[PDB]
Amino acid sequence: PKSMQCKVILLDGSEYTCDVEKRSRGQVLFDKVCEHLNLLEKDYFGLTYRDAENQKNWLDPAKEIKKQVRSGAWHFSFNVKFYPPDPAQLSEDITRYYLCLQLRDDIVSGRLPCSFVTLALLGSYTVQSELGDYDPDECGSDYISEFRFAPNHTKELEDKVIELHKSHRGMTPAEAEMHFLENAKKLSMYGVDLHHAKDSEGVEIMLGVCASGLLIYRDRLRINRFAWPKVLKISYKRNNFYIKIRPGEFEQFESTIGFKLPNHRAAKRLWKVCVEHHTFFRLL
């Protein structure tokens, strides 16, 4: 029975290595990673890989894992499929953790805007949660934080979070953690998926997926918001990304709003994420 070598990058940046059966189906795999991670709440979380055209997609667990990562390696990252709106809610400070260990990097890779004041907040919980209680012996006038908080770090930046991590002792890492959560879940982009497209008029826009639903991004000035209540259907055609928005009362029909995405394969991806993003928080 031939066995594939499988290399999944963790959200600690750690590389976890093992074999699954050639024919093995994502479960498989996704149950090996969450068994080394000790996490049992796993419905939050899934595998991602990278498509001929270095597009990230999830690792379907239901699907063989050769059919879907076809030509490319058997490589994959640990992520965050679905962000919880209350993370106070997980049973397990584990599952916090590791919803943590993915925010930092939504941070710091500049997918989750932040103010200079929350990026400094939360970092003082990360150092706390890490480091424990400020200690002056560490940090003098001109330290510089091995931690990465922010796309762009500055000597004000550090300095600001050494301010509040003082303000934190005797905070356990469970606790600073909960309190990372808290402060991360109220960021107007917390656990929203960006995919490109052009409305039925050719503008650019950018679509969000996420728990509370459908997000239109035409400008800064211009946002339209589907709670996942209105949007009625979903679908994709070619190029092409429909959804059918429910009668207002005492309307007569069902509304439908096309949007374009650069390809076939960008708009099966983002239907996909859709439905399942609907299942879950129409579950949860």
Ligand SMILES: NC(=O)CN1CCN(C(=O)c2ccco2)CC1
Second form
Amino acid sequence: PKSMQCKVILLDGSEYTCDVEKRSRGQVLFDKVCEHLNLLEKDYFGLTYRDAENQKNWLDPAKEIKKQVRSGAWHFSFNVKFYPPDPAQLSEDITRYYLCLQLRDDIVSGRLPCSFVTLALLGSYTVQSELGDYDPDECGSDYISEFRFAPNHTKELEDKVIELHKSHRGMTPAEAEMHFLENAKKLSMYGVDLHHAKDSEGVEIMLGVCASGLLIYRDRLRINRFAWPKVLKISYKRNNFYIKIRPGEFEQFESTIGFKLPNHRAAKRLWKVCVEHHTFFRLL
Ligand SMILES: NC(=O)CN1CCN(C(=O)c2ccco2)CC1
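Mind giving me the form solved in complex with this ligand, seeing as the form deposited without this ligand was just shown?
Up next: the whole complex, starting with the chain shown before.
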């Protein structure tokens, strides 16, 4: 029984290595990573890989690993797939912990934009969770934390993190993690997966996929939003992605919005993430 070595980048930046039989389905490796992580609430998470077009693909747990990674290395990342709209309702603190680690990377990467004050607040809860109570001994007037808090660090941001950290004395890690999430969950780009696209006139837009529905980011004076209820049908053909939108009450026929994606694989990838979000948030 021939086994392939898998390398998985965990959300704390460490590497987990394991072996699976070479014809294994994605679920086999995912189960192994989740067991390693002591993670029970597995539904919110998945494994990604970087392709030959160099983009992120979700590893489909139901399909053979080799038919997905094809010519590529068996190298993966562990990631949040479905961001819970209300993390307080997750049953375990360890689930909330991994969601925090993902969101910290979302913030540092600039995928999740954040005001100065919210960067400092989120940072202050991370420090409280990781170091415990503020201690002046390992913080002078010139202190800079090892923690990455933001896409661009400033001494002002470091100072504000410390000021807010002082206010959290006696907070336990699970409590600080819950505060982090109560703030993060409100950010306008929380849990939004962004895809580059062109509208039916060739104008560059972004399409956002989230729990609630679909977002079309045009010029920022115009953001169109389609709640999952309003979306009739999702489809792709060639480099095109089509959304069928319900008629308003007393209308005879749906509207179709068409988008052009960079290539056929980018269209298929958008289609599959939308179907998965539609299913997941239909059941929540
Ligand atoms: N007064 C309002 O209802 C404002 N509301 C419009 C739609 N909202 C969503 O639930 C959403 C996010 C993506 C698709 O739909 C966000 C903000």
